[PDB]
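Structure record follows, encoded as structure tokens.
Note that one protein chain is taken out, while the other chains of the complex remain in position.
For clarity, chains are labelled A and B in written order, and residue numbers in each chain start from 1.
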Amino acid sequence: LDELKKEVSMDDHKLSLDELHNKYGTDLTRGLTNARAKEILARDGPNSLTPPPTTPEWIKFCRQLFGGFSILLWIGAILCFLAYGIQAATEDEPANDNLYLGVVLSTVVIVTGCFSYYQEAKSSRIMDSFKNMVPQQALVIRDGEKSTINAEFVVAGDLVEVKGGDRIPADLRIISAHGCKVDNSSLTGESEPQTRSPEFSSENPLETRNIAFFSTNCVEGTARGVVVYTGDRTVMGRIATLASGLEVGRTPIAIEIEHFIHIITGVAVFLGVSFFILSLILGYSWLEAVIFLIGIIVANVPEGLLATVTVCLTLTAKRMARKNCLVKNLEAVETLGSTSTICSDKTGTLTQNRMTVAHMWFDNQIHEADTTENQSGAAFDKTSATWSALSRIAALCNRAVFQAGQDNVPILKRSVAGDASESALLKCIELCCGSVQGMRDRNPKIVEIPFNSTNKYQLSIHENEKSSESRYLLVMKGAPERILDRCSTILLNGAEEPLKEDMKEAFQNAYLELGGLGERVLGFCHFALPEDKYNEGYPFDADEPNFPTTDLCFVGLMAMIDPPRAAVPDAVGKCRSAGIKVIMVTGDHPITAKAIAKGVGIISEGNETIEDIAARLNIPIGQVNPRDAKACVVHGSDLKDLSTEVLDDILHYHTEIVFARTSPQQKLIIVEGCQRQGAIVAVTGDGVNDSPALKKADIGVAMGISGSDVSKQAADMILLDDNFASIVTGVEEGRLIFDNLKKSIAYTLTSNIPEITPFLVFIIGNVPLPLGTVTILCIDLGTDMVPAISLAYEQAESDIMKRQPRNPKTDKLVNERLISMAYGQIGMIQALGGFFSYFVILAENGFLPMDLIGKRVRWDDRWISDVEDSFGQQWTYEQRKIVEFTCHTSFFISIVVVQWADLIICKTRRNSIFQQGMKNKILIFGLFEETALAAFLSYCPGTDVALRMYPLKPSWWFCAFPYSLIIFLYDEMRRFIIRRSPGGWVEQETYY
Amino acid sequence: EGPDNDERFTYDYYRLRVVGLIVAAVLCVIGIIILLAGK
Partner (left out) sequence: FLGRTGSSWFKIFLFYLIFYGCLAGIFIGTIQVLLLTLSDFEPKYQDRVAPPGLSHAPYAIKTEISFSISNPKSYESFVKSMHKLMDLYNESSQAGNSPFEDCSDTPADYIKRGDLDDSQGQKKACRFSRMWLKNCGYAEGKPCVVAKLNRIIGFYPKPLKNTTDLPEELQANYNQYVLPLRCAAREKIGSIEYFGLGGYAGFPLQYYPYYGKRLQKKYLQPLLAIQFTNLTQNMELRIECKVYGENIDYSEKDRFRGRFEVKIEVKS
């Protein structure tokens, strides 16, 4: 469906003005007829974007109500009402058991539904942001007259007019223009104004001057044009549809959840029906056969687990909110940890998005300035008298000014009225020479010649601030070579000197080096005009050369670039140390893209492209073995004629990849290419041209300050302070939460065994029921909750940023090793500790373990109010039941006591508690509150009716203590083996 | 005692409950103290 939109567009900028009118039945001068425009409206439809059909929240909520655990809990809830129905008909049961348990279980499903619904959130308003880029109104020429109309009423063929400050209402063929410049950052991510004129200037319509696009704005001048595309058919309207239309897809974390749901659901249905038939064979009435099944359901399903996961995710997202990293989708909290490839935009993401002075060439020396936002570098020069001469030209031969009321904000961050290069120079001098306004007050400008297309220079004449002179100084800047052809002397370390071929060659060298760094280079020179030849009232003519512009003194060079953000180089290296592959994907030109790649460490030192090898060896590129080149730089124009299989080979064959001059669909294609190889991919960006890629990414991260509204709609995560170091933190947090989920899951599952085994022995042994159904829910929904959550606050056991990204195909959240430990080893020890306390309670009340076998028949018989114990005493029905429920209560408390040790062992997968310590305060809180809850549930009056919880005698609490301790020792010995031999036996069997 | 051994079939479940609830409360307070050591 969207495969059409993933392709590069076709256009009609090659046609003549006249020819273009024939195609659209239009007038170049009079414009369309009121009737013809209305006709075309009904024909083509409105100049608007329609949002894609969404899935209502209704269906979204209910889709969770049927996912493995909820299905089993539904079967339980209904099976409760089943047994209740069968009762209400047969023998009038005045009880509330099956009825209430059926109500409780149905509530558990609904509430669990809210948790998973909260986790599976999708806040997407892509198409809405795009719609915000179409103006409310447009100016059209109809019947030879200009009028404002609803922009939706704009059709292909009419004559539109735009001017500085307004949004392009539709894709236009420029037919007339006067000084028109446009901001195409929507399509390129670059905000430098692009001229628009009627002349065709490139085969590529996205590069030609005679096309203006919807989603962009006119920055200055005026233009008229013929509408060629409207609504969804515009270049960026298609990007809108592509972006808004892209299928979301399941996250890595989501896939893991479903996976263990299958496992646990599997064992549940297995043991469920395996013992349902095992009971009927033993001659159990279907009346009972279902009651046992309900218990089996409740025992096997970890009722509180899915909600635990959600809370652990939420708590991890809260910590990241506190580092200026907003998470829109709870699952995106983990994806960053599983990320193996980052596709990053350059401008406004890796870079500050601001022309900044990078180097200066004066005194036959290359000086480097500090490009960082917060200025974390050092000085370059202050002493040289040459510097002050260059500094003066940079301030004086400059027409840029700071906007009013910025004195509060830092120099480099403040808004400037002017072109990017003049702003850069302004901020450079203001920083290291103080107020520039001061320099422009001490040296009043009397005449100037602003930068001309033809002159290729800008000159200014000022009254020298010096009192002993107060004469006229000439300054000029422009193209380095043009400035050179106008110089005779060079200000070396203070004093001038003739411009010999020697210094002239050093100039060329300096010029070539700075240009090689991808930096824009300017020349600077001045000339102190002779006093006798220029009186204090001498008039200077700016129109006609009234003053010399030759034999001037060359002062120096200055170079500039849109520099990396301070934290970016280090963040890139850190991603790469964690084994994450970092690719650059930018709409910017290749020379600039490549230079920043080396600056931030995308391309490491020494690594070459095929083009680099060819130039170094002075040989044809076809003569170069492409396997000798680990780095590559792909232009979008070449990308366009490559198949995906060939794109896949590029991705496979290079470690250091730069995709430059890419369109928005091309970014999507590169992302998909990476994913196709089985990689989890993150995208980082800030422009509307990142929207499709951000949507398709497993996780999209947008910049918060510099980011466009669209990009932040398309993302899963926002960096609110533009701190790229947050990606590094995000991946670290993502890995940590993945491990801690394992700990929390194992902990929760472990207590399933002591809830399952009592029901089994109840059938096979014919003893009184050791633990009840209600009692199970008091564990999974009550006591285990806070402890399970607390594992989310566990510190790393080792340097997680030192390991490679997990293999999502092999490294699962819940594997066989977890089940073996939780179900086969620790849970089994917990089961016994439960049974022990059960036998203790009964034996101390007169029913010794031996006489318990095959007694349930008489025990449950409501009409036998005289059962004989081991000592020959006789018990009524309600009397023995009180002891039985007291058994449920102590078995319950036994679970809590054995979960104490389990909580401590689940703390660490490898390390010892004596190494990791007990610095998790939430965990300790869990221990205290868990025990408080259990005690309250046993001793609070009335709980014997609502939950069948009975007061325990002090000695009862200590039954499971020896089992709780064996768990601690056992797991500590086991992990001691793991560490002592990384070999594999204990490791490959039990290492979560 | 002999025929007056009524205490043999008696248990102070009332005191046990009072003590049990005291303990539960104090464990609840202790927990808050440790948690609130930083919020």
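Following the convention adopted for this analysis, contacts are C-beta pairs under 8 Å (C-beta built on N, C-alpha and C of every residue); 3 or more make two chains touch, one makes a residue touch a chain.
Partners of the chain left out, restricted to shown chains and counted across the full complex, are A, B. Among A:352, A:662, A:783 or A:845, only A:845 touches the chain that is left out of the view. Only one residue from A:66, A:653 or A:871 touches the chain missing from this view: A:871. Among the residues A:832, A:913, A:922 or A:940, only A:832 touches the chain that is left out of the figure.
Mapped onto chain A, contacts with the missing chain fall at residues 91, 816, 824-825, 828-829, 832, 835-836, 839-840, 843-846, 848-849, 862-863, 865-866, 868-879, 882-883, 962, 966, 985, 989. Touch with the hidden chain on the side of chain B covers residues 2-3, 5-6, 8-11.
We take it that only the chains that are shown with their structure count from here on.
One inter-chain figure worth recording: chain A and chain B are separated by 52 Å, centre to centre, where each centre is the mean of the chain's CA atoms. Every residue of chain A that touches chain B in the complex is listed here, in rising order: 921-922, 924-925, 927-929, 931-932, 935-936, 938-941, 951-954.
Contact residues of chain B toward chain A in the complex are 13, 16-17, 20-21, 23-25, 27-28, 30-31, 34-35, 37-38.
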